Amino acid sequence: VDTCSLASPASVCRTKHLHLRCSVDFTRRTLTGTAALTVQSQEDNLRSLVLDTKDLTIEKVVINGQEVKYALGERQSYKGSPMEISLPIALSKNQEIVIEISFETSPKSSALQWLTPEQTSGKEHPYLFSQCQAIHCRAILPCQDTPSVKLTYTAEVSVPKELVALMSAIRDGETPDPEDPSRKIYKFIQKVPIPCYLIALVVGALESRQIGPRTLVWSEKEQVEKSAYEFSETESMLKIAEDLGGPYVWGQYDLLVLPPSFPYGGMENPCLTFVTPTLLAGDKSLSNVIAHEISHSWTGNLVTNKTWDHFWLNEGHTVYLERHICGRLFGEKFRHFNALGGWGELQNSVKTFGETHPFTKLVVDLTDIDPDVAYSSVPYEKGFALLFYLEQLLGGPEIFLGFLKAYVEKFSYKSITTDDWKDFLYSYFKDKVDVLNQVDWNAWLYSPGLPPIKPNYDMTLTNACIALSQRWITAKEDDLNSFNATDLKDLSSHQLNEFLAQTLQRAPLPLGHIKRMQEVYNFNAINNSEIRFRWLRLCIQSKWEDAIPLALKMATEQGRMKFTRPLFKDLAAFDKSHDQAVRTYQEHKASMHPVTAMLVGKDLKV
């Protein structure tokens, strides 16, 4: 059972379909309308059921054309309030009914960010975007807010006529609103059953450009051309992903490039992946994030974690496929380089949390834990590390990719646990059970800290990064002169990034060294967000006051939590910038993403 949801479990009843009919009110910052849930009983004599909600105003509940009794329970912190609905007629097993709920969201909905015109590129129109993963769908509409339940959906969304609505679904047409000629209704259909965390909505001044046979890029006009170029590898990655995972079942693969406050690198919303504009490096260098979102079209969206305790299933397999796509595009040596970088990121997380911390377990227990607080690189990189280790144990990438395809096939349209996965691994590799029995399952799955075994990694592309990092770390003042721009001559942006990641692991460095680095390498000039991020962290941790306004600027001018949280934490930990860090958060907090605002607040202890 799902300890993050207050709703009736799938063993009691199952939502089959949602029909959403709503209107987006920018003046009140509310979504208002009806959620018609088609619900199937899994039980004899079913007379009531419970749905998740969060900061919702319920107007009424209609079944068979009549209003019915319902009750909202006490709020249970981040989980919201359970909504019990009294059914007018007892249902037998497998009977289906339609429950129509009239509702309105709160302006403070944790699923939503409402932006004013000034927070947009165009400066003329406001903008709304949603982010339901993990348990924020309940903050938009009453539902069984659990990925153990999969449903199809259709929607009609009324918005001001000069704006465009898009959803995680196939666009099903647009018309003027019959009830308000200042408005348009956009329609949508998602024919593939999905967990509700994949329900997504954006409303804004969006334009589009085609970039492949099944891909449009959407953004405000100011970002269209840059995005089109940045993400032009999309079709090639789709074709590789299809070869590894099987048929792409979703119809279109569109991309939406959000305003800078989008809290993640990407969100695998079906038909319409959302991405941060921090990917717009100008050279396609951050395209692994596209490869990752693409991969989710199989691992996560087809095969889904049953509860959030098993999130590593989603993320581990996705990073595994992601790195295969990039290895196919750029070479096996590059896949190894990225894999080893991933291990470094895992070292960082474990170090940050502490090696005995419960969140460093692969499988976690989220009872009384807000998933947003628990979120880290761990399920991503410990999950990937397990798969990469198993790959090497079981005969290599070709063999293990056979397993991954059979795994996707086996569990498509289903929600599964770690035991489901492990059971199938044993079934698939039944001629290799002796080898599988060598794995320390208890440690890998259930123990905190770094994995019991580290995989083997080709070092070719990593060597120069480590070598240069070591030069700087071991350098004394009289060695600083020997550093020069030519040190970077043969390094890719990826290698520059890894050089910085290596050095950041030993931070602080002497202030004079960092000053010299800027002198000879001019890292302040680099706009690649991954590079600039690590460089600013290195500067602040090394107590360079000059970097304070740069770090403050990056932390606030975009809101990708990966960057904003550690930049804020670094700034707070530096005595010279502490007060300004706190003041800056205080001033920006009301106009930040609500989840980001909450977490930075916790991070800063304000």
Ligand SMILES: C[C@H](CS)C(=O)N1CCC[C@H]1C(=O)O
Contents of the next structure:
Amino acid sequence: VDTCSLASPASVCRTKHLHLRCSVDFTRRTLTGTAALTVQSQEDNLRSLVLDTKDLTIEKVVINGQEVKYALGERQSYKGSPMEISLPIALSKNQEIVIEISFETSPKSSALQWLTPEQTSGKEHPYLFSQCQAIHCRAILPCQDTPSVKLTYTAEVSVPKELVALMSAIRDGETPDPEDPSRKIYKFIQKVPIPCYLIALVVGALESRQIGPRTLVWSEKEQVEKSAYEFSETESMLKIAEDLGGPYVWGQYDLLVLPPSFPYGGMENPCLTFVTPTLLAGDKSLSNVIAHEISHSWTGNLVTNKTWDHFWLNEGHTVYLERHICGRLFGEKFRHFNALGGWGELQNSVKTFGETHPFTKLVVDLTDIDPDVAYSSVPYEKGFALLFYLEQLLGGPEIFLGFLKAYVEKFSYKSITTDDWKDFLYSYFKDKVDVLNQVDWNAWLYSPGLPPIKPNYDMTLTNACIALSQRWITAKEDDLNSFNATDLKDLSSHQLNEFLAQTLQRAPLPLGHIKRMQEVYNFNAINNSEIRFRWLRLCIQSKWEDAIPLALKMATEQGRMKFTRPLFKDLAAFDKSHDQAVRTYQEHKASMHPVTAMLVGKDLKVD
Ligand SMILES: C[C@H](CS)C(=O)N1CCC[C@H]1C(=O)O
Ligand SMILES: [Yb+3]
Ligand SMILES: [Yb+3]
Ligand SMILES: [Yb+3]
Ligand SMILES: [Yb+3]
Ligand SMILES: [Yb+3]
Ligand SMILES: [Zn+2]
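The structure above corresponds to the form deposited without the named molecule; please provide the structure of the form deposited with the named molecule bound.
The complete assembly is shown below, putting the previous chain first.
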């Protein structure tokens, strides 16, 4: 049961292909065009079917050259409106037909953000980008909006000629629009079957630079050079990921650096990963987000969650490969460092949600829950924690890596549940069932709170972080003079980050300690977004008013939800900044990403 979709389920019928012809109207902020769905019946005598839509205007539905009848049901809030279509002939099992739907999106589409020129880098051209995961594809085009169905797709997209269109597919040529010489048509082909959440579109003043044999980076002109250097490890990480997961099947692996309002670190669109510009630290230090996006080329994009209830499958395996890529690159001690970090993140979200909250369960029941509201680090880190525990139980990384690659090969091109995964684990490790039977499955998969067991972590790189954070916590006023810029000389950027994460977990500290920290370590100068984030949270939670313009500025100048949401919540929890926080949210709202706007609104209780 896909409880997030209102469409006919895969048991009734399945989309096999989408042919999208559309046009991006910046003046109206709509996409207008036709989606031709090739639909296969999975039942005898099939006479109608249902698709998901959200805020779509339907002009007509044509099958076999004639218009047919359809109806739109009433709005079911965030699930949108079900669209029922009457087929002009009854279909037998496995018969196919092509349904061509003429449609137009709302300017308020939850899939889309429309940017004026002044909201971009170059200031001369507007920009558009999509984010379909989880259930926003329906807010672009009628479809069975469920990751239980995989289709191939072709598209032709008409844009103003001075702009560039890209999708989650291979570029298949461009020509002038023959109906409007002020527009170009860009063509695309996705030959590998994908869930519709993986359909993506960007349109903007984009340039490309090549950075490895099957990778171009794309961004506006002003970001190209910085991005090319920042993501230069991409091919070596692709090679390591092929070694762990088997052949990369997607042809190209290009990267697109989005504007600052992009809501996530990354989105694994096939052929074209989207990333936040907040990765551009200048030293490649945030490149684990590229390792993660690459790993999704296997776990998520080849083997996919059957419904969003089983999202941990996508994210937990991807974090598990991500941390192996970083470990082959930087050493096993560093993999442990990141894993132990991941645990503290899990501790953080459990504490923020409460230890009985349903959203701290690994497998979540999303009946009547908007997946955007349920989204957190839990499936990433509780999922990773489960895999890391099994790895240790089952005889170490080399052994558990053979399972990962077999699992990927078993379920390639399929959509699967937690039970499918577990069955295969039991079958793969048949000779270790007795070990597998010591696992508290009910607790790990279905209980809220921290898992019932904590893995074993090497401490080598973490100890210096803990040691410095503990010095600061236990320091009294007469001890502040002992801290010095030399305390940091042997810490990597990752260790500075993790010193601040440890210290943040015991926030607030006295305001005098925080001011000293700034005096001796000058964290205010650091532009690494992860480090800056945690330091500003430390400052605001410790009630340093000087930090208020700095936190508001970071919260609004980018819109990665990982940063924007905790900053606004911290700023709203501080009496001194409460009113500016609400006011700035309100003045920025209209020009925020729509999912980000909604979430920060809920977080702040505004509207
Ligand atoms: C690296 C992943 C890609 S699925 C991501 O963007 N995350 C993971 C949880 C937070 C959020 C973020 O970094 O903004
Ligand atoms: Yb029949
Ligand atoms: Yb007509
Ligand atoms: Yb071609
Ligand atoms: Yb079994
Ligand atoms: Yb003392
Ligand atoms: Zn991911």
